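Here's a solo chain for you in structure tokens, the form solved without the named molecule.
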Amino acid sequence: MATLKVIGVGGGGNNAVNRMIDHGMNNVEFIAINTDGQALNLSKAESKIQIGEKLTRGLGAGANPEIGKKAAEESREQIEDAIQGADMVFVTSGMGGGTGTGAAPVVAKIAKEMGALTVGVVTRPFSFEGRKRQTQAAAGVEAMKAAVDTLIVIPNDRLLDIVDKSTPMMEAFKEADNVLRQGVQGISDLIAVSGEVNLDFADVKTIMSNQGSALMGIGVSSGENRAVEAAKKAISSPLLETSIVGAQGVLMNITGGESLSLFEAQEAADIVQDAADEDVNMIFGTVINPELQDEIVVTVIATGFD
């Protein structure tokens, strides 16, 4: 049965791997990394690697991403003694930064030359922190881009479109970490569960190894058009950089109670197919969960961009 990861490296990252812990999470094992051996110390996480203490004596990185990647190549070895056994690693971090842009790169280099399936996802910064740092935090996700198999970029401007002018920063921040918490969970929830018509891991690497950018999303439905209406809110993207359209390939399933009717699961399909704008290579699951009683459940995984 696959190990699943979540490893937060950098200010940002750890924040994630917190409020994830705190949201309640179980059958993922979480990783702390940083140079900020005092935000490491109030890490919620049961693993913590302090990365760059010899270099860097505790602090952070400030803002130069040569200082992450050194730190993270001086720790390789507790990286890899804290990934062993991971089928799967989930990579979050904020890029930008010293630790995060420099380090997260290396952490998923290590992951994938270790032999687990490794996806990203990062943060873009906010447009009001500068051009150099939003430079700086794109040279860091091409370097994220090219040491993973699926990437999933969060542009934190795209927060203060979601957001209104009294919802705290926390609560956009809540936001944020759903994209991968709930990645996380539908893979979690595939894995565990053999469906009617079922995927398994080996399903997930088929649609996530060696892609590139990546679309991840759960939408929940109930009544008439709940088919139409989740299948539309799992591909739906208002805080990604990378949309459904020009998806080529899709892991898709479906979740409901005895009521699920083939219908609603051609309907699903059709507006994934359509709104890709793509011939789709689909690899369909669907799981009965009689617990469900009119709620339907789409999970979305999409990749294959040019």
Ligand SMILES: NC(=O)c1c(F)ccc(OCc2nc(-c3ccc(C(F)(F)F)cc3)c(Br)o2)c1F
The other form holds:
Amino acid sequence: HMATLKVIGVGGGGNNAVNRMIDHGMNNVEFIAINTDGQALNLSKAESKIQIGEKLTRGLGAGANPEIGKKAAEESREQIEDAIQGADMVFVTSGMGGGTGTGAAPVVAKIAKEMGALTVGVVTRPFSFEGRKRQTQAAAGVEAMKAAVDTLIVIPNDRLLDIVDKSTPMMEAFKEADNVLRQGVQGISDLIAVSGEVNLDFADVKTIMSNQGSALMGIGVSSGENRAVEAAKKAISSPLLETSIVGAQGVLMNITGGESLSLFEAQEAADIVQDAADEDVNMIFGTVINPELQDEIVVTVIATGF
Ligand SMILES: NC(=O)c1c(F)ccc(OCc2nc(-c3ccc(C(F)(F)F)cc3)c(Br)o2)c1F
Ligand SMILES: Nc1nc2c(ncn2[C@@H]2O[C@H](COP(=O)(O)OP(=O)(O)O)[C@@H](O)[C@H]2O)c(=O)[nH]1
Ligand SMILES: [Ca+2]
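The structure above corresponds to the form solved without the named molecule; please give the structure of the form deposited with the named molecule bound next.
Whole complex next, starting from this chain.
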């Protein structure tokens, strides 16, 4: 039996991320759009849509009030439960600092976690230009999210200002933030579908991610001379995430390479991840030999327990 994967967008930012993943097309993944705002939800491409808090907001947004988001989700608990039914893994994605995301996303997470699903949060923190109130609501939102999920990935939107030039379109910057969740979902789909030479399965994902807190995640791609060290360095250097690898107690790591993937290379990449941790780790290590690949290597890393 294959693990059932569901991705849930909660509020404006959450649903923007989901709409872009639906645009790409993820085949074995179920998408769920959750919002207070009915106009926005009507335009979603998601095949499962839940309008929350109709009695409370009359089909409008939460107007940046997290109490309205939270009570909206509590009003609609049974419809959330129904949409999540059957999930083995749930990704909850949302922008913190607004009303719907901040308030409803932790309610959604708690529902997913009590249904037995491995519950991963992927959230943003507001830009400093949005101001102190917005940042404060977001901090409370992150804390509520941390209590409700198995593992949380936090992307401060301020980090987008470190990866743009003065002309990079705003939408193109948002796509980079979006890639964290998209490549994460794809990585798990791959892990579940493909039998590895050193095989990792969904029980290995649960061991590393179940009942943790903050997580670092990344992917590194390289080829040529120093490909193993370069790939591993890129996977653990995640400029968009709040959490760094230092102090990690649990690591899931996979290397995908062609027939030339050397044992020496595998140790080099794994030593980069071990060393950067700076701890006595529980590493679960996997490898895939894809005979389609020539000189390209792909290292993927999830690091938890700080
Ligand atoms: N070695 C394998 O059995 C294997 C395979 F055949 C294909 C892909 C694969 O892993 C891809 C991968 N995906 C992840 C991963 C882990 C966590 C997350 C998160 F955090 F849920 F987003 C997302 C992706 C990792 Br670490 O590695 C394998 F381990
Ligand atoms: N990275 C990113 N952040 C967003 C996006 N849309 C909104 N945000 C952020 O998420 C916060 C909450 O906005 P929104 O999710 O639209 O409000 P909600 O609908 O009440 O949850 C905003 O303060 C922005 O910082 C997006 O598309 N990408
Ligand atoms: Ca596998």
